[PDB]
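The chains shown are only part of the set, and none of them has been moved.
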Amino acid sequence: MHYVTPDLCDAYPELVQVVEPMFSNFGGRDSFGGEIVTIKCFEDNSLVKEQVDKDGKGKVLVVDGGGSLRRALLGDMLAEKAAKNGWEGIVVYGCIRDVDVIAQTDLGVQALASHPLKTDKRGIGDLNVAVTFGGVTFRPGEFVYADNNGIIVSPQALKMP
Amino acid sequence: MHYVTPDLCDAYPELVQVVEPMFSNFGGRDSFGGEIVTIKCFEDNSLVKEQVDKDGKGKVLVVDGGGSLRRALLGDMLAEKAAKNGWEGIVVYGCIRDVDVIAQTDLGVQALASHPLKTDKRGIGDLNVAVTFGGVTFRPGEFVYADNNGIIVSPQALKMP
């Protein structure tokens, strides 16, 4: 399902909040949206590995990686796993890698930047806690929508006009 | 008419000033140039709506939107209106939206970023006042040229070498 983020803002002005314009599209799907599931982590993608292995149909993985520009939290293997498991997309407050393959993966991916250095997995991270970055609080069970225009959040599921 | 902005700098070094490198190309035309017409506004694109409805042949609309990263000042409808009305291009010190359609529109568009949230039109703004952003003062009646390399201004009309 594709989303037009200006259309959703126009239709639901009292419901939407727009994320600060700092993210870039990296995935093969330009637009994506669904129910929020969150990870809070830092330079450890243990929980990212765990979550992409779960069924993600109708869901978007929102990863608070503390905005680190020192390590990648997602690569081609995890992106492909997420795509096969039905994940609508992944938003990373942090970096990703394998951008040439992720660009060809059937998955929405928004991140701050790329970085080639992978993380040491030590099982550190919190699942489904409220996370706050880029002027927006992302809450599990609420909704996120993303395209080439930006990222938006709503407490309720939105349908395209 | 297409412009090569390095060529113009080389030919007219005593006339050109280069805008600070902060803008991005969004329009279907990579290069554009012409006589400056200015708008000073903030999170209100009333005058943008008005100006794209005027004949813009040989002219570039320079929009000082205060650099706001909270609202869009141009979308697909206004971009198409500008294209049909002969506007060479639009430079926005601020944000635009509908980037997928604007990329297919016969119009030059340079802006800071995209943002899906539209503006409340209240008729606030000044037409054809001197506006200053990104290290350059844009004056009505003077000239602006833009491509994939950057944006330049000259007090006199320049022709490609």
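Read from first to last, the chains carry the letters A and B; within each, the first residue is number 1.
One rule holds for everything that comes next: a residue touches a chain if its C-beta (ideal position, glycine included) is under 8 Å from a C-beta of that chain, and two chains touch if they have at least 3 such contacts.
Chemist: Let me spell it out: one sequence, repeated, and 2 copies placed. What is the copy number of the whole complex?
Modeler: 6
Following the convention adopted for this analysis, only the chains that are shown with their structure count from here on.
Chemist: Would you kindly tell me how far, in whole Å, the mean C-alpha position of chain B lies from that of chain A?
Modeler: Chain A and chain B have C-alpha centres separated by 32 Å.
Chemist: Give every residue of chain B touching chain A within the complex, in rising order.
Modeler: Touching chain A from chain B are residues 69-70, 72, 75, 95, 97-100, 113-118.
Chemist: Along chain A, where are the residues that touch chain B in the complex?
Modeler: 5-6, 8-10, 16, 18, 20-21, 30, 147-150, 152
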